[PDB]
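2 protein chains.
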Amino acid sequence: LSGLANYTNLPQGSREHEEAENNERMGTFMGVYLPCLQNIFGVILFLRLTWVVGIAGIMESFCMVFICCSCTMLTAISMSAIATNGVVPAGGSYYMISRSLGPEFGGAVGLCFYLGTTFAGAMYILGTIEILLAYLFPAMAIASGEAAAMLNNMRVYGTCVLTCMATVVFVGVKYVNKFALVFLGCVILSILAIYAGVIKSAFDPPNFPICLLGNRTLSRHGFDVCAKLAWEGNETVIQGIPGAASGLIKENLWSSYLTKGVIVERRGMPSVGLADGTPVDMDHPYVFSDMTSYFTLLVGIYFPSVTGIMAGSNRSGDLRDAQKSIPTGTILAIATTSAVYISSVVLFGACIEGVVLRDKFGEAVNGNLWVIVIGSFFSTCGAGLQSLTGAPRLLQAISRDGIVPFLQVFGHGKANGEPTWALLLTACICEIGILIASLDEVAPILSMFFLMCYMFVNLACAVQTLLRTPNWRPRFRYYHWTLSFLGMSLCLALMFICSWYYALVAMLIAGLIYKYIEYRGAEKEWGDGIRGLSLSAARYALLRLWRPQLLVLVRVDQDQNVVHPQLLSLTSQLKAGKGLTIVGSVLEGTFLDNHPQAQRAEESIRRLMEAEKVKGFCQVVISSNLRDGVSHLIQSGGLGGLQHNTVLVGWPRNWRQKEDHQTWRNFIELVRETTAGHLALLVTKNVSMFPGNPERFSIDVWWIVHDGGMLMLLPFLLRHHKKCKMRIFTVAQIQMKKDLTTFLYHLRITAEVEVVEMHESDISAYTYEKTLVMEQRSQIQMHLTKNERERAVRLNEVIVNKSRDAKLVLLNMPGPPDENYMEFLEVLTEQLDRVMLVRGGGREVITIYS
Amino acid sequence: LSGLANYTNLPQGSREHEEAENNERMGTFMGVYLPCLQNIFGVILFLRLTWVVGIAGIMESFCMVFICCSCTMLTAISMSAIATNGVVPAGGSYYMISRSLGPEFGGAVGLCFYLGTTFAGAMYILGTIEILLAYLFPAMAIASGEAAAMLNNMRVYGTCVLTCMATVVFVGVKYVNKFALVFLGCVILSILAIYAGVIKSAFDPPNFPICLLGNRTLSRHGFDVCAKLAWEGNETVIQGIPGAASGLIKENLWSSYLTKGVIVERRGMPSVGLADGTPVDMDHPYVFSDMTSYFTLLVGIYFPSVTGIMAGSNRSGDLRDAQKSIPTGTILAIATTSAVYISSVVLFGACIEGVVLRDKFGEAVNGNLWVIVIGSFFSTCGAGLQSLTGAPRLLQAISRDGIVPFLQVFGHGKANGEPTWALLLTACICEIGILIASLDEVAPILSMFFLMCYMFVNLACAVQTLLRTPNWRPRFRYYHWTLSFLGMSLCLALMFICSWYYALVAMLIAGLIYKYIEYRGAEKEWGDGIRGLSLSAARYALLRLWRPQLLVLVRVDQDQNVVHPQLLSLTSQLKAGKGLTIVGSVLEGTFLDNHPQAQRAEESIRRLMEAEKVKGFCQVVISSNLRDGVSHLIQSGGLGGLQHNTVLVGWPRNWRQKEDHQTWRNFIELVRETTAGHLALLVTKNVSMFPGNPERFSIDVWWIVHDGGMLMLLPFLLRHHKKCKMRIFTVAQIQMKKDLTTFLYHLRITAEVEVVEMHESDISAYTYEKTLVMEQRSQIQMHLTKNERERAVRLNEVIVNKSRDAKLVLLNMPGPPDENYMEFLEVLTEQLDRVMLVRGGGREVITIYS
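Protein chains in written order, with PDB author numbering: chain B, 85 to 108, 119 to 236, 242 to 336, 366 to 497, 508 to 683, 693 to 844, 848 to 872, 876 to 886, 892 to 938, 941 to 951, 1075 to 1100, 1106 to 1138; chain A, 85 to 108, 119 to 236, 242 to 336, 366 to 497, 508 to 683, 693 to 844, 848 to 872, 876 to 886, 892 to 938, 941 to 951, 1075 to 1100, 1106 to 1138.
Among the clues, some could well be false.
When chains are identical, the list treats them as one kind, so a pair holds in a single copy or across two.
[What the hints assert, rightly or not] Calculated cross-link-like contacts (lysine-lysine; reagent style BS3-like; alpha-carbon spacing at most 30 Å):
#1 896 <-> 277
#2 760 <-> 653
#3 762 <-> 725
#4 299 <-> 878
#5 378 <-> 299
#6 760 <-> 388
#7 878 <-> 805
#8 928 <-> 662
Treat the hints as calculated values from the structure; they're not laboratory data.
Taking the hints into account, I'd like the entire structure generated from these sequences.
Have a look at this one:
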C-alpha cells in the first residue's frame, strides 16, 4: 500500500539508533511533512483561539500570531542549518543536535525539550476532558456559586484518564502504531469542515441578551421574552429590556478593537442603553468573565499552538535523502500552518461576542457543516498520547549516552526499547502539572520550556559560526549567523514577555546543567576534573586555531645555572608579558645519563623566569650534538598555532679563542637555519650592560635597505617600558626624507628625527627581492600605513660611529653567503657599546602601529 | 600641624600615579578612615531618611537598612581581598582594580563607577537647592494648583549652580583643596547636634490637624481654631472639627506598621472619627502625598546613602602601609555608618506623622539644639563638588591607559593633571540627569550604576580564586570565594529589585564593553584580532595550568608517505577523539637541505590524520641522527601542561635482517628512555592486520605481576569503539581469584572471566618495588577501587598460547637489562597473531573506571 503502510507520528528514539549503528523504508518528504503538521495543530485552535480573537483586538492578535510564527520559523531555519552539517544519523532530533553540537548543548536542549513535551502531555490531557464536561455529556462532581468545584471536578477525571493512557502506552504500543493515521484525519476533516462552514456563511444559532449584558441561556429557554402567551409567564431569572440579536453574522463585523475584560460581566458595544448607579454584586443568569486578559498573559496562552517543529524531524534514517527532506518538510510545514493561523484569525471576523469562553447555548465553534466537537476530541487524545510515548523515549536517549551520571536508572527498557522507569517519572512530573488543573496556567509553563529549548539551538548555531569549530560546516540556503542571532533575540524577548521572574530562574537552571555536563565530561577524558576543564578549554582553543612572539636561546653554565640573565631582562621589557615566550636551552647527550641535569636546569630557569616578570614556558632538551639540539627546538617550538615568530640569541663572545671551537659554525648555521625557515632573528652583541631594574635617561636605529619596518616596531615597543629619544638613520645612494617624515608623523609615534645618509658602496644588496616581496604583499588592501620605499665586501667605512655611542643601536645583518663562513664574520663593533642586530624573514606585514 | 595639614577627600588620580612611577606623606589610618566617612554621609539622611521612616514600617525599613548595609560590607570585604594581592601602587581605586584584575574588569568597573559618580554629581546638586526652595528663602519662578511648576523652577536653578561649581572646579582647584576639612565639620557637628537633640527629648513645635487630616499650616496661622476671640473670626480655609496635637513626642510612638500612601491626603491613625461618603476632589489647605510608596520603589531611593566605599581607598601611595590601612579603614568606616543608619532608624521612634516630605510649618528634622538646615547645605555642596572633580579625573585614568581606543581625546589635561574635555563630558552627562529634575527619580538610576560596579568586583574576586590565576594571592583575613559569591548574589538581587527592565539592559551594555576590551586587547598583542582572541584564551588556559594521552611514532617511506596507517587506525579507536594526541615523525638531516621533505611529510600525515577521525597535532623533526630526533620529541612534546602521558610505537619488523642495521639499538634505547623518563610505552607487534573501518565479532589480557591496572583500562577503552568478550589471565606461584572477581564486579565493567595461572619460574621480578610504589601511593585516600595484590632468563615455557590465538592480546614487557641487549630480544610471538605489549611507568593512579 502506497502511503498508509509504515507511517507513524511518534519519534524514532534510542533503539532505532542502536540498530542503525550496530548493524552498519526510504520515505519521501510527505512522510516528514505530515508528521510536522500533525502534532502542531494542537488544541489551541478549537477552544482557545476564538477566545483570543474575542478578548483581544484583531490587529493585536494578528501581531501576536505573526511574532509567534517568526519565533519558530527563525528556529526552523537553524534546524535547516543543523541538518546539513553532518550525516543526520538516526533517532529523533536529539541525536542530531547531540552529534552536531557535542554533548553539552545536547543535554541542555534535550532536557528542556523533555520538560516541554511532558507538560504537553498534561496540557492536552487536561483539554481532552474539558470537552466531556462542557460540550459532551456532563458527569460532574457537585452548586450555589461554586466556581472552584469545577477545579476539583477536573482533577480526578484528568488523573483517571492520565492513568488510562499511561497504561495503554506501556502495553500495546503497536495499537498506537496502528491508529497513527486516523488522528490526522480527525484534524484535517474538522479544519476543512470549518472552512466549508465559513464558505457557507448563511445560518446562525441565535442568542438572547439583556440591555447591555450577555444573559447566558443555559436554562432560560423562554427566547428572550419576559412574558409572551395568551396569558403572561414568569421567566423569573428584569431591569431594562431583553433583545435577541443573531451572533453568527457574515457581512461585516469590524471587531478590530481590544476589549480586555477583568472578572466582570460581558457587554455588547452600545446595544441599547444602560441605566443604573449602585452596587451590582448579584449572582444571576449572566455570562461572566474568568480572569484578567492583558496582552502578555495572552501570548503565553497562545504560544503552545506553534510548538513541535523539531518533532518534524524525528523521522531520521527512514528517509531516503534526509538532507533536503528535513528543511523543505519543515519550512513548508510551518508555512502551511502559519497560513492557517493568519487567515483564520481575520476569518473569525464573522462571529459577534466570542469572548465567552465556555458556552452560550453549548457550542464551541458553531461555524461548520457538531463535527468539530468530536473531531477535536480524538485529535487532542492523539496529541496527548504522542507526547506520552515520545517523552520517555527521550529520557532513554539522554540516559543511554551517559551524558548525565545520575540518569543511570532511566535506561532500563523491557527487552526491545520500551522505556519503563522514564514512563514512571514522566507520569509523576505530568501529574504535578495536572494538579494545577487549568489550561490557562499550564500554558505559560509549557511555553517557557519550549522557548528556552528553541533559544539554546539559536544560541549554539550562531556561536559555532563565529568561533570556527572544525566539524561545523552547513550546506543549506541562507542560515547566516545574523539570522540565528535574530532567532536568539526574538526567542529571548518572547521568553521575558511571558514571565520574567521565571525566565531568570529557569534560565539559570538550564545554564547550570551546561556546566555540570562540562565538569562530568572534562573528568572522563582527562581523569583530573578541575584541571582537565581548563586543559580541555586549551585543547579546543588550539584546535579551532607582525608582533614578535619569541623563543630565547640561553645556555647553562658548569652547574645548572643560567649564564646571562640580562638577556631575560631584555626580553622582559621587549614584550612586557603580552604574548608567547618560549625560553629554551640545550645540554650534553644521553637523557638516561643526564635527566637530573635537565631537571635542575629547568628548575633554575623557572626560578629566573618569574623573577624577571616574564610569563612564558621553558623547555630543556638533552641531545648528543649541540647543534641539532637547537635545530630540534626551532622546528618544534609551540604546540599548535602557538608558533614562535622569532628567535632571540646572544652573540658568541669568545669567538676565535679555542683551537677547534666550532661554536660559530653553530652560529652561522643558526642564521642560515632561521632565514631559510622564514623566521626572524634578534642577536644581542654585548649581552652584559643591558639595564635590568635601573631606569635610564637616545635610541638610534640604522635602516639598511632590507628588512625595515621591523626596525621601527621594536623601539616603539621598548619605550612603553623604562623612555628616551630615537633617531631614524636611513641609507641611500632625496625625496624619501619627506616621505619618511610623513610616515613617522602619520603614525604620530614619537619624536623621531631623520637623517639621510648616502654611501657610494654598501654590500648585502639584490634588486630582485622587492618583486618577490610585492608578490606576498599583493596576496594580503587600502590605506597602507606601512614603510615602502621606491628608490670582497669591505664594510670598513663604518659611518655608524660618527653619530653613535649614546644608547641602544639597531642594524640589519647582511645575508649569509656556501664556504668562507669565516669571511662572513665581519664585526661592526668598532666603537658601538650595545647593539641588537636584527634580521627579518620574508612575510612581515607591519600595518598598524609600525 | 598634626592632622589638618595635607588632607583632602578628593581622589588621587592619573598624574599622581605617573609621578609615582616615573620617579621610582605617610598618612595613618585616620587619613583613610575619615575620607571613607566623609563622602558616605550624603544627603539621604537629612531630608529623605525620615520620609522612609514615615512612609514605611520601622520593621521593614530596618530590614532595608540591614540588607543595604550587607550589600556594601560584603563588597568592602572584596576590597580588602584586592588590597593585599599586590603592591597597591598609586592613584585611586581604579589603578588598584586595573592592575589586580587586568584591563578587562578594570574598564567595566571604571566606567560603571564613573557613571555612578557623574550622577552623584547630579543627585547632590539637585538636593542642594531644594534647601533654598523649601527651607531657606524661596526665590521661585511662579500658582493655582501648580505642582509641575516646581519642576521647571528647579531645573533653571540647578543648571545655574551646576555651571557655577563646574566653573569653580576647573579654575582654582587649590580652593577645594583648602576647604576639604570644613565639609567634614559641617557633617559631624550637625549629626552630633541631632543626637544631642534626641538626648534632650523635652520640647516640640506643635502642628494643627483636622478630624483625620493633616491641614498644612503654611498660612493658616490661626492655631487650629475656627473662631476664638471676643467676637468670631473667619479662618476661611469646616467639616467636622480641628484638634491640635504635638508631633515631636518622646515617651512612646509604636509606629511599627507600614502606611503606604498613594497620591492621597495624609491621615493620622484614628484621631477622632470620619464622617462623609461622597467625592473629595477638592484642592484646599491640606498636606497631600506625592507618589505611590511601595517597597521596591523605596529601596532604590534609600540605596544612594550607602555608596562610596571604594572612594575610601582613593588615597593610595600617600599612606605608609596601605595593606592594613585599606581594610581596617573601610570595614570600620562602614560599620561606624551602619551603626548610625541602624540606631537612627529606630531612634526616629519619637516623631509623629513624619510622612509629609516637604514641610509642616517649614522645618526639615526639628530635633536638634535650625543648625541642620545649614549644616546639611555645605555638606551637600561639598559632596556634590567632590563628585565633580573626581569624575573627570577617572576618565583621564581610563583614557590614559589606552584600554578604550575611542577614548583618545579625554586624556588632554592642562600642563599638570587637570582634565578638561572629561569635565565637559561629565557636565553634559550630568546635565542630562539634572533635566529629570527630581531627587526620587535620579536615585534608582544612580543606585543601579553603583550596584553593577559593586557586582563586577564580587564577580571578579570570586572567579580569580576558582580559576587559579597566577598573580592572584590575597593575604588578608577571610575573603573566601563563597563570601564574595554571596556578595555577587546579594548585589544582583538588589539590582533586580530596583528596576529589572533596566537591569537587563544596563547589564548587557556593561557585559558588552568587557568583550570590546577583549577584542581591542587581543588585537594589540597578537596583531591578528579574531585569531589572537582564541590564541590568547589558549595562552591563559595553559599558564593557569591515569588516562593515556599519547604521542605516536610513525615513520615515513621513500616518498613523503606514511608506512603503516593501521597504527593510526588503532590510535583512533583507543582514544576516540577525546584527549591529546601528538603524531610525530623523524627524517634525515640538515633542515636547509630537507625542509620540502618535511613539508610534504607533514602535509601527508595531516591528510591521513583527519581521514582516521583523530583530533591531534603533527610535528615533523629533521635531525642528523635518527636516534636523537626521537629523544628530542619525547623530552619536548606538548607545550605547557599538555604533556603526552605515553608513547605508542610499532615493533621493528625487519630485525636482524641487515648487517649493521642498528635500528633495534634504537628500540632498546627507546625502551630505556621511556622507562627512565617516567613515561608509559605501548608497542604494537604485528602492525598489519589491525581492524580499520570493518567491525568484529575475545580480547585477552595477561597480568604479569608488574604494571597492572593499566592492563584493564585499555580494553575498557577499546570496547566503546567497534565489542567482544575479555579474559583476565593473572599469574602467580589462591585467594586472589575471589579478590579479583570482587574487584571486577565492583566496577561492574564487563563479562570478564578470571583464570589463575601458577608458574614455578618467571623472570622480570623484584620484590623491592611495591615498597617504592606504596611511597607514591600513600603520597596521593579512602575507598580505594584500584587493583592492589598482596601475595639466563628462558621465557620458552610460553603457556600464553594454550588459550590464545583468538583476538587482541596484551602483555607486560620485561624490564631492560648495560650490555647484552641482543639477549633482551626474546620474542613472544610463537603463535600470537596480534599483540600490543604494554609497559607502565611508576606513577599511575588508576582510581575510577579501572
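Worksheet entry | Unsatisfied constraints (hint numbers, rising) | 1, 4, 6, 7
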